[PDB]
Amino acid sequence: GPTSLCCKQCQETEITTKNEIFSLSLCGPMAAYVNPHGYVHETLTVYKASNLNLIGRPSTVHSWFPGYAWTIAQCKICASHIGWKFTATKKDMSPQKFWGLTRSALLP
């Protein structure tokens, strides 16, 4: 479908849709400055994703989104690294999980 964002390598496999896109605030209370940590502009954040295999267990090491652990996520079909699943370290956070997907790894 027109909303469909698929793995660029295998083409057929849908990873997320444009419907699931949202904007995560990279700042904390009062919207203070933060040093950029990783490369967020290149990363698309979505609430829900599909057809990915999670590799290993959640890690907090040098997380691009502080407060969240990350787990590598690769296409079930072709094993291309599309991005990461992010899971909250604290119960009071929202969303408790989301996906950060490398834009260049998707089509469109």
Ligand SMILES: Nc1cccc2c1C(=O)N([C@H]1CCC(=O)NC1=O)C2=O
Given for the second form:
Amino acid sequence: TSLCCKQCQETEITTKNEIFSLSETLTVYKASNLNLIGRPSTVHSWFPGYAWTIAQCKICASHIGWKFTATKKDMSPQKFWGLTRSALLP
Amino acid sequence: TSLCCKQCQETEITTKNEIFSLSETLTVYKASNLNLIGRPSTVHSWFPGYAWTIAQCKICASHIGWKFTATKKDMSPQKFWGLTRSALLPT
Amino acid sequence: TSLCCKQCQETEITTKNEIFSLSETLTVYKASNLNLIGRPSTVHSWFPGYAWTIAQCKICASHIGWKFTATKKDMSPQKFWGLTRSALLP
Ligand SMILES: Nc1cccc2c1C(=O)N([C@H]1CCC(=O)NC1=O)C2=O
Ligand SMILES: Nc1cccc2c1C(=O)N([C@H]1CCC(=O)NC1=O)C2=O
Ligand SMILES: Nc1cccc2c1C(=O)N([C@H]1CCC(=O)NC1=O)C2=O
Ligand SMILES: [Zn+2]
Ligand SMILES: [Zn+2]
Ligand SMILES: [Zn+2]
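Cool, the form deposited without S-Pomalidomide is there; where's the form deposited with S-Pomalidomide bound?
Then the entire complex follows, led off by the chain already shown.
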């Protein structure tokens, strides 16, 4: 089930069990081993109602995707990860 | 694994991966594409120690279930979803 | 998929769907029916950057594992559980 950082190979980022459908970019409820770079922005957000924060592998700093955070409290999930599929192995 | 709103058929509300057993009403750790109506209440809560908030499909406003939030910090999960099985497709 | 408290048998603590790899002790994103005892500590933490809180079964008080809580905001997950495998069935 593991989806690992493609660059450093060994580092698990998420699992297929975390995949969900909100409507290239995999959306998952939970992820691991990522560092958040900077502050959320809503500029060009692919998911209306959410802001994005760059997320990179904590081991090799590969840009894997973004943490998406809801701007309104009545939305669900309040946060998820949108991950570039080609930056993950399997 | 997708569990969709029975009414609008398009909208995924949770997945079989998210099901867990707290103890008609499916309980899941995580859900999607729900709007929360109102503020939490504990009155007649089906899960003692948790407050509920009505949760409806964001597309068709069909009442799918409730978001349950823990009233005490030492409980696990601190939040979950109780979904009406008859309001979702697959079974 | 259910992993139940071995002692009281009937209480589910987590499911295989919740297992992930942060790298005897199973790590899962989500768990249920556990009571937390005391306050977080980083003393001897098995997971640098996380503090631990003892977690016991809400029904039989068997010690199942620990809740791990991030000491910094930019970590993912912000929390998880580490559960003693021999304290669970399947
Ligand atoms: N490569 C660049 C370069 C400039 C601006 C953006 C990107 C980029 O990937 N995104 C994403 C961030 C994530 C998102 O939701 N929408 C975007 O357009 C930008 O805003
Ligand atoms: N249809 C009605 C009408 C009045 C009050 C409630 C309901 C209802 O479904 N619940 C639920 C909310 C969720 C819960 O935990 N227990 C309930 O009885 C009510 O409190
Ligand atoms: N049985 C004892 C006795 C004293 C201290 C600890 C333990 C114990 O199991 N842990 C764990 C807590 C969880 C952890 O992260 N590291 C540990 O060493 C202790 O700190
Ligand atoms: Zn990496
Ligand atoms: Zn709907
Ligand atoms: Zn037990």
